[PDB]
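K.L.:
Read off the chains here:
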Amino acid sequence: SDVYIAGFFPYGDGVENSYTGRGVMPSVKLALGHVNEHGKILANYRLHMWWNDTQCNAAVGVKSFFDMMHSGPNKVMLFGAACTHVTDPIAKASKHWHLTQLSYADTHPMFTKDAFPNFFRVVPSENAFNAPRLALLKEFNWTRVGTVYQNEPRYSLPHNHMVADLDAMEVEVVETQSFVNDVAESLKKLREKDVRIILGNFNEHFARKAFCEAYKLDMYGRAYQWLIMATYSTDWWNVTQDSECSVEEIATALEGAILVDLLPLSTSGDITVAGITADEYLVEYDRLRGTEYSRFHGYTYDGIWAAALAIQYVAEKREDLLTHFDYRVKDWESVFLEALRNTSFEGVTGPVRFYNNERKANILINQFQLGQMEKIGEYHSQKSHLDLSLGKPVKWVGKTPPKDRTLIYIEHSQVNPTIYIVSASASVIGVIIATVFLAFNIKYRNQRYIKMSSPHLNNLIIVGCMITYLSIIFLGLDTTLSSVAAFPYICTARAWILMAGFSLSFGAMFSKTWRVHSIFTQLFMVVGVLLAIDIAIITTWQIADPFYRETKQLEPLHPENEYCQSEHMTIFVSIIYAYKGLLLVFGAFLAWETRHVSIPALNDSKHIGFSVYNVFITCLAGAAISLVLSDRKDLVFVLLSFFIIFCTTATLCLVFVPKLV
Amino acid sequence: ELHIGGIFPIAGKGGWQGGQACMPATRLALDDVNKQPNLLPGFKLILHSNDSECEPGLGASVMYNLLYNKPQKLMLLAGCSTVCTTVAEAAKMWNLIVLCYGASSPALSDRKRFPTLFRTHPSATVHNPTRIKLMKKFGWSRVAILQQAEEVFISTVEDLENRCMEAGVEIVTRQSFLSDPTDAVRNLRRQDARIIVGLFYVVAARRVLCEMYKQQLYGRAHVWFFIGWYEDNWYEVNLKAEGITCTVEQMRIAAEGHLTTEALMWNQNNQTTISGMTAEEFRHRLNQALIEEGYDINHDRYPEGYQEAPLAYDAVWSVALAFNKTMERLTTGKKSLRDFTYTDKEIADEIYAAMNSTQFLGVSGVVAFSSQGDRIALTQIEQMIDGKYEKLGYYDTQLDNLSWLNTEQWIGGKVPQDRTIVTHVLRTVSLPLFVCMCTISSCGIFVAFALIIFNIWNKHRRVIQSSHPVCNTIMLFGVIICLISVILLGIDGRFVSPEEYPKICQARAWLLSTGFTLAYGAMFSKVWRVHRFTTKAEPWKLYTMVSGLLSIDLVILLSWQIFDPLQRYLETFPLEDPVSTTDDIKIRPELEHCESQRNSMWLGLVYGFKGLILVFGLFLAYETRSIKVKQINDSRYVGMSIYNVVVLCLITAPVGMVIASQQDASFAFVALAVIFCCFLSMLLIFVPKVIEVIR
Ligand SMILES: C[C@H](NC[C@H](O)CP(=O)(O)CC1CCCCC1)c1ccc(Cl)c(Cl)c1
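Chains as they are written, first to last, in the deposited numbering: chain B, 29 to 549, 562 to 598, 609 to 711; chain A, 36 to 572, 581 to 738.
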């Protein structure tokens, strides 16, 4: 009446991952005592754990396993080691002894059923951290996540399964970074795209380095959301090992990060198979544990209970457990395998039940808030459910979860009725004044006005002045007030009428200047001739170069220009501007030459010269601002409309009939 | 009677069942260790063995059975890398040395996991120094890798990359497939690679071979570094079974001219080994012994692990030599090899020291072990020519000794390059064209200076006396400068070093602008003075305006030169196919266009200044049809010439920018047009003067 189990622990002194061995042995003793002191579970049996200290060494573990196989009482099961490189040789070697191995702390994501048929895992693997994080992406709307993971296999297969699993959930990976020793480069590559939700797989030291860099480069919070697996030590951010970032500095980048970890004990009030709730077992473990602690104490307790269950099943089926146990006989293993597949019991860590070979265990989810790691909720994997109300409320930086994709709206420009309404009113007043001056010129054939400059040319220049105001109103109109399909025509109205304004206003003065030029040593058709020089070319705009607006959205800070045709402009508009400038400089130079010539039968030549001078300077300034300061149409209009109206009013006031008493 | 343990993968499925030939060979060595020689003075070395079937679980079971039974073992022999890792990593606990005859995994080279592991089988990363030496021997620096990603080729490729970074070899691609390389070898001819190293098994090797004919990745422009330990006829076997759509003829055709680098497992020389026989003699004896086991190798069908039998033989001989030295050192006292226990550290350490200092000629060559337990092997290089392997040479990795037999048959007679080398050639103006233009410009300068000298009659005769001679002198001096600028416009980088080419580039613009300004301070400003005199109705009112024009354009040119000059904007063109060379040289043309930062701004400013002056002069000459003046008597000619000069300057500048990318025609037009602009504007002004002065 004595059944034995073989156990492998990282015990003794200073060995790597020793805390996982010295912190679970009290739980092993607790479970052994509870099983032995329990009825109706196994009778005429006494579960004895023969355990050996595998000093985190693949050789010591194998030697210990061979020692317990060669000599001593027949061990009916293996309690797997807590280190991957220790249990893997044992798992490979024990397959020819027909033994079933049960792990208590090994989370490595490679102990799958196909490679290790006899390796059952009470503690879930790292792949079990994929589901909770991807659950949070469903709770808070995040459909665009970046992934950075350590190149080690322990943080590689879980990442591959994650990126192959979030595909079905309409979540698009933006980037995938796999560092080796430098996380800063991975973070810079991640920021190359505008990704805000990050999923990270790395160890505690590399987590400290990653948040070190995430402070170095600005990813501190309020816009960047983190989602990492955190099976680290307690207060891992408090250990000073990163790149000089102090604890009061590594915490700033950690604020508002969601971390998924293994739940140590079940928080439900269910009664375990031991007859005591998880809280009573926790009290017993805290009393009999002293100073050592490990997150796997409940898991190793449940592993010992599962081993007892499997042995009870084997005894119930095969009566000759202690008198016919042979390592070389295969069927025994099969029986235990079946005994380990019918395992379904409530333990101190939840419902223990092996699905493929692993166990679906609840995943604790906590978040760094106010310089502390506060529990947020639990992800139940048996019945997949993200209970976020169990722990503290999810504290966001601000009032809203960080957005997966940055949003900046853009809606046109050129507006502010005022800038336009005041210009329209000024143009209305200007055309009113022009019509008043036309009426004052209508009273011709009366003394000086009869003998002054040709009043017909005066009506032509007044028509020019009014059509300049019509031109500025047509040019200022935008696509938000009129139909977009009317953009070419108004663009044509931007050109043609403007080309009219120069023709009927500058040409009228040019004809008088040419007369004075012909004098120093039937005629107004020259204006029409000048009109030709534009109208024909304007036709060549429409016939072969249709207008196409270019919408350029440039620097949309926390607007897009609607300029005219996207066609030949440095070949066409440059020609127009050069020809106009040639006319301007010609008129100015002949006016300078014809300064003090009185030459009666054509009066007010000096005022015509003054008008041509102001036209020259104002047109030069307007062309300069149009070809240089074309930032947005609003600024161009607010800078050019005043100049245009001032110059036009000067032209229509200087020469018409100033006072003449 | 010393005992050793052996694990031989004989009766298994899959993996490397190399024990089938490696078990008898050891047996032979056993005899040659204990039967004939006095190698063990009073000892008979025995070997207890069992099958592992090339799996780690059965290897561990065999190791347990050997190490936990009555006959004490002093050494463990293991086969494949899985069993070698299973045994060697756990061997330190029992204080045993593990010698592996068939462990080629690079992961076994770390002494921390395996403190007592020796491998007489060369590691998989032993060809990499040889591949790099071959790459540096033919001048190749751009190479690509075609992997299979089997956890063994990853380590070899990593070692190859790290060694390449120490040799300057640049890797273009790292294409890696798993089962089908179609979408892994197709991208090879996207980042076009000529030198490609293949890191796959034979099963993937045949498929890769079949996937480089329809992709046309073979021939004179590509070289493949295949793995050298395939079967000799590895391209004409297992055809129908695999999805190889290709044929044996094309199987062989593209196997031509590929280099295979291999670890030597048989002694290439005829020297007698320490075993008492040569490599060929051992091969014959092994052939004789293997047919007893049930093999018909007389008509081929060799057993698995046949190529590694010398490794097992030399492993046993190394064990025997190390044991002999161990007892020779141990005689200085009472401890012996017979009284050995698994807890005896001193004897195990002595045996480790003996196995460290082993250097003997065995069937596989000079057997010795490196500091990390790896086998120091002499690599061998061969090349497949017409479906047969010819040995190019051998390479010693420890010390650079590349014994080369010059039998490499490169197609075309020359080593292929690692890329299509591009050569940039400067397109220049045609030499006869430049020479003719320079001669014409020299004639123009000569005739201009002739007229300047002829202007001696300024006081003597009234025709030139009443023609404002200073204006004509200014015109001629501008013509000379502008013709010199024309000469400087044909001097491209072919005639001057590029480091001083921007000097000529700036001088061209400076001289041209100065010459044009001086040629219109006399062709247009004289017309302006004529018009002003006619309207208002002498020498200061012309020279001052000339000086003002010179001041403004000199300020513009000085600002252009100081604030933002032009250096070089050598253009490009499509990669031209050169003359017949039967080689991959791509010749690309480059021009010598000048371009400043704001070249458009400066050019527009200068051209607008010139155009304003040109239009002013044209219109003034239009007003100067017939207003002949007594003191400026040549007012009708130097106006007649303004028309043609204006039309030339308004027809040259526009089309010049259009044809500026054509080196010859652009220079030809910008030279001939200026030649005419300075020839008719010279003749019309001065030949009537010469006709009138003498008659
Ligand atoms: C040269 C090399 N020697 C065998 C090697 O040491 C055994 P290994 O190191 O255990 C690698 C095995 C992996 C599974 C399939 C066979 C190779 C070899 C010889 C023949 C073949 Cl078919 C192969 Cl794949 C490899």
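Keep in mind the hints are simulated off the structure, nothing from the lab. Please note that a few of the clues may not be correct.
Claimed, not checked - Mimicking DMTMM-like on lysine to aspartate or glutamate, the simulated pairs with C-alpha atoms at most 20 Å apart in a straight line are:
#1 A:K105 x A:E36
#2 B:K630 x B:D574
#3 A:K147 x B:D298
#4 B:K57 x B:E312
#5 B:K221 x B:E595
#6 A:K105 x B:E595
#7 A:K629 x A:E619
#8 B:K91 x B:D142
#9 A:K571 x B:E643
#10 B:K166 x B:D210
#11 B:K244 x B:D210
#12 B:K358 x A:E291
#13 B:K388 x B:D298
#14 B:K345 x B:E312
#15 A:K584 x B:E643
#16 B:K91 x A:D379
#17 B:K592 x B:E617
#18 A:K48 x B:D142
#19 A:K249 x A:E291
#20 A:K629 x A:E614
#21 A:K369 x A:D384
K.L.:
Please write out, lowest number first, the hints stated earlier that are contradicted by the structure.
P.N.:
3, 6, 8, 10, 12 and 14
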